[PDB]
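Below you will find one chain, with nothing else, as structure tokens; this is the form deposited without adenosine-5'-diphosphate (ADP), and questions on how it binds or moves follow later.
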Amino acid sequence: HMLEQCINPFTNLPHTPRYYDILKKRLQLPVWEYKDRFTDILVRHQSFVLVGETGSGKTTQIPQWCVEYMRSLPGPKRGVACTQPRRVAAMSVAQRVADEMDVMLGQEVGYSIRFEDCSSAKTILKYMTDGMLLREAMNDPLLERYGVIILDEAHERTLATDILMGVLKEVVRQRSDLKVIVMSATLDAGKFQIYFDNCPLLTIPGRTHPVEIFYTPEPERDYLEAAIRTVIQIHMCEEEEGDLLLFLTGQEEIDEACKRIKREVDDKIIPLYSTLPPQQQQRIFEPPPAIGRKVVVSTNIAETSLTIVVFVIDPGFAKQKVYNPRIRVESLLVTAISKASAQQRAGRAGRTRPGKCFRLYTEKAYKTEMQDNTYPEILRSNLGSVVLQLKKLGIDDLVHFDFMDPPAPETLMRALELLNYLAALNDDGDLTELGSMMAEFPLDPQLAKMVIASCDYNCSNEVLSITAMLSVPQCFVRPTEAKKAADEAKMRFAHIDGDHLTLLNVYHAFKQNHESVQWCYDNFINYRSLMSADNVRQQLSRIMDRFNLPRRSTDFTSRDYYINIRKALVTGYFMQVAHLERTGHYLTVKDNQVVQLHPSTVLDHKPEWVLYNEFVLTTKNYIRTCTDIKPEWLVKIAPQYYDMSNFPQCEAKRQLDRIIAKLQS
């Protein structure tokens, strides 16, 4: 027990009237009935699991109680860390908790996402992404900056969360004072309990009303049409005042639906996705306007990360980034959700009062086709970045590393294979100096190697700009009703050698026109993407200075200016190359996937050899962001990958054999 005078312990001044208005509300959250029982466990055990449904108040109240616990301990004031899988969740819940504690966001309460650290020396509670916390562990193996680490939303089983659970399980074997709390919205059969050595479990009862579930009589031919059909049928055939929540897979699918819903009803529509500006994102909370209603067309951001809604439309699909280690292909994919995911979507209708979830699929499709639980992300991800950070952390044995769900051995082979090709690991599996340096860049190992290697090509300034543009959302604005005008504006920045250099042109012209918003409107350029790219580039350049990596440019009047930049791209992306086939098709080297250039490319011709940044897997295979390259550069820059003694004998090797024979003439 510590002396608590009715003042703000961070300013030694009385709290504001808003603090006590918010305090009255959150005292009614179901978690506050269990504060003593939470405290009794926290002060007697190192790790435990806390299960509570969405809206119980774990995310906002539990970290505040752990700050209370830290302030009572003697010694140097350590902080509290609470991880979130989604960067939007970390930012919004940090601003909310900052209001509840009557402090400025970025001061006592802050957030840390990739490329945006909103914290100071006063920060004692920080909501961060799970990826950022793992990043901090490389320079802080035991995470001694924190006394309590809270892994929230553990049921979503993101790759970074799974690795963190494996790292933290090793840290608590070496640090006795650290408290680890794993929080989940489902029980998951006590899996987290058994993993952390049968630790205690605290379950908060849910306060969710009954939810009626409606199944379609037959499967739907088009789930987007069924979603639009269901939205308008709810609007007219329902007399109870209420709001709508529609789950779609991506941004393009959302803006398309919001457009058609507006057109057919005209005869409040609210989008919500991650890259949507926060000005439009906060519109999900504004009041609704014949009953006037609110329809929120969102992604699975609203499945558990936040709460808003009496009627939910569940098409049953989400977009996942999957990795096929057989063909070394990583792509975003639309796939059916799990029965656990479906229950979480339906549970969002029973928040205010009893609601209804309209599942756009049959009951037999729910029971006989949908998996019970969604595959852990670690079983369908490229592990190269995670392996590199673990080796930097000092974990050498990744075979016997205690994963909750171990990845397939072939997926780990591809990760070790990738890092060795980039010279991040030597032939003994040891981290090299180049690999240790690459691990400090918050980028894919391909991008980190590309940036470092470009110094030798005297174009690190230009690769740094391109890297920043590849690290932000789409910079080209392409409205559906104005494709020709948008494409015409994009072609003003087009470089004849492809898309990577076109991104360079956009950044250069953005800077030389002084970050003008009107200039972005004139050229259909996304102003927010470019400001973000500018911020990302500054931070990456600060990492360059720390390692004394020179930032250099080639004479622009020379032909070597663009040739050196394209050579530098090969240093990182030599594994993502396609070869033009006689009849106009492209074949990826080695893996022999049939692909074609994404329609968004600025290339007005088909180069014989193209390097691509992204594999797009729809009805056909598309490669996006493509650059013309010379095949001679492939054999000279990355000979360990273009090993002709081991290269598969397809048509790509036939052309490469001629070049290598000509080199030895």
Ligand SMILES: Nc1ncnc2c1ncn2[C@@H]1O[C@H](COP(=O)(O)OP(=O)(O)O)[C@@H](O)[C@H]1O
Given for the second form:
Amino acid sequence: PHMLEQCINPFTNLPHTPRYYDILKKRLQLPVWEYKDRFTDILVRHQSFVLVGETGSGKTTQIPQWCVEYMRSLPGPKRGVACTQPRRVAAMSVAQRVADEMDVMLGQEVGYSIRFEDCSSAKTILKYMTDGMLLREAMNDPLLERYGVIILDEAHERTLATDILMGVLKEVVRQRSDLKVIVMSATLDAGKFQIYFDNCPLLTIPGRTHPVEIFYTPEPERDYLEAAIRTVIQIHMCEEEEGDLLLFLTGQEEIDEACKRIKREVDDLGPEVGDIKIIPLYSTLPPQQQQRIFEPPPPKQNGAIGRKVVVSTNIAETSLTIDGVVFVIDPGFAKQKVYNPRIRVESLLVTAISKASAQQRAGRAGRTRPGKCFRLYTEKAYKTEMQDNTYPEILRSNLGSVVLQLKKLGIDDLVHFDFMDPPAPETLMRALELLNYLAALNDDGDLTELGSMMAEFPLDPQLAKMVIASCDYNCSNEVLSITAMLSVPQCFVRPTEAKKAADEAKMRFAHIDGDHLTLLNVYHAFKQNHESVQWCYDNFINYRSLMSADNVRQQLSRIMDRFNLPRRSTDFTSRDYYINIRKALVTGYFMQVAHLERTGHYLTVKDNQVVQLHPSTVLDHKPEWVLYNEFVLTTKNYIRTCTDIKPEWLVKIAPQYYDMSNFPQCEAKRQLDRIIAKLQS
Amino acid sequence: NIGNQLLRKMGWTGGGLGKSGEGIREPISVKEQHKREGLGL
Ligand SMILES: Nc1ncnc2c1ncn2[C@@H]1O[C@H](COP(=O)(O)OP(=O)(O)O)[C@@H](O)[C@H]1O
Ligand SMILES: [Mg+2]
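Switch from the form deposited without adenosine-5'-diphosphate (ADP), shown above, to the form solved in complex with adenosine-5'-diphosphate (ADP) and output its structure.
Below is the entire complex, every chain and molecule, led by the chain shown above.
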């Protein structure tokens, strides 16, 4: 309860650094610090509680440090604090920050954990991790005994992993009385979290948002990116007051294009236009790039106001604060990964945000000073076109990987699992059906040994199955490489002004049988040219994607070693090299197959989606049967990352799915019948 | 119906999921945005 605290670093037993004390002066002014004793009084009297405070309150940086101090007061062998973040960038950035705040090296006493990015050690006693990574730790530690406190942060974003974690933790605290669970959220959400944890205590930090004037367009915009760029430059030139800009866009490629176009239109006035520092923010940035959002704006010679423009996804909506932002530009859209269980189609979608999200975005303009938020739509569109709240992710997502993790966790009854917002029965059906087809569950719905081992891979079940099954095709070395390339962003750089040159460089790698093997060609060439930045530029290859694929492949191969899964290749001189790899792809992606119809479009098997090959495909012809990685749902339906396959592989490898007693009538079925009757003739 | 068998085998009767059967019965449909048309066009 009261521990001796000399003025030394308790991890080094040496004085704190000058910087430690400079930082300490500032964080004592954070809104949360007022409440430290009230927080402590709750923590030592209750097993779970809810903490609510606006973004900028100090929740993610300060509360976990208070929990560390609490842990140091307890007897026995030292346990840690976990703090989950929905967002990779928030976890990595804030762990660097808090390591500074605690006067320790990142990865020592303070660390982070993302899929394929573990920055922690035996000394780690505070770990920021994605919520998905904590659920993965529970698979080999069901009561999470490495932690004495677990903080589920950003709970209002209601991600799939956070929702599952809430139900897992609700069960863990029934079995463990020493564990403290803290839910933190930006919004009260009608006391939903408190009720869910059996009417636990609530601590609410008052907000400190300055006034924010909102501006609406007079009429709908025909191009929201054009309106976004137009608004940014007008703010930069027409606002008298100092202050930085925060523009919400929807993803990495859209953000880069905006960053290029802003820099050109601005650089199109040599003199007396203030310097602007243009900073992208999206989910895959390396730590060095993440941290640029925090560095100071340019200086003001003839009085031209200098400013930062952060061009960001909804990472910046609640998960962090960029001090100094005064102007927000809100196109009103975000990107969601949506699953339609009726046709078994998952796809990346750009969609209109909720009123709730719009209010948060505008709130970020008011943290430092009175601000302004430019909503690129009409007020009636706000009132009649935007829903009050974002749907929780659990209600619009593919549950295949979540069902697999729950079954691995030993949670067999998924109908009565205590979801805060239970998913639709049909969606749970498609997840069970998927895992059964992949032989991860048997016909009784029980986890099989293959299922159990698939669950250890931090991959879509389709990919995990493919990786495991490829061992029997003596090509796991290459399917590992392909899997790593599929696990990272697009590797082909294609500038707007150099499409022909980028496309000609891409075709240097093109495999005649399609896109999956082209990715293998890129990765092999990257490795044999010794990870060269120059070689990447010479070939319009994305250096960051390939470095990330190499890391993923390394981490995946340790999982293979741990399960004694052999890492094999076939003789490159034999025809079977590329045939074995193409067959292995079928072991995971037999449900993502399309058949070339007589008039030249494709039809997906069973679900009968009219699609065409995505224009970025290397295929210079239309194979009768293609396996595809991604369904792309724009104005047309495209299937992206496409490989030529033979239909007899479908019936031999995945006959449970290619079951002709339920397969609908179509040209594809006619061919499969012919194949099947020939096998029996 | 392999997914509906596994679901009823888990104990599903009908209607919504959850510990009290309170879940939404039908999946929600998300409206996609085409090109870069502003909200409400
Ligand atoms: N990475 C950082 N670099 C510099 N300052 C930071 C950093 N992260 C947080 N801060 C400071 O901490 C303040 C509050 O942070 P935080 O704990 O993340 O609040 P919350 O989680 O309630 O939204 C920020 O406004 C900023 O002043
Ligand atoms: Mg936070």
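Under this definition, the rigid core comprises the largest set of C-alpha atoms superposing within 1.5 Å between the forms. Residue numbers count along the first chain shown, from 1.
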item	value
C-alpha displacement of 2 Å or more between the two forms on the rigid core, among 318, 549, 258, 398	258
Core fit, then residue 121 C-alpha moves 2 Å or more between the two forms	no
Yes/no, residue 163 Cα shift of 2 Å or more between the two forms with rigid core fixed	no
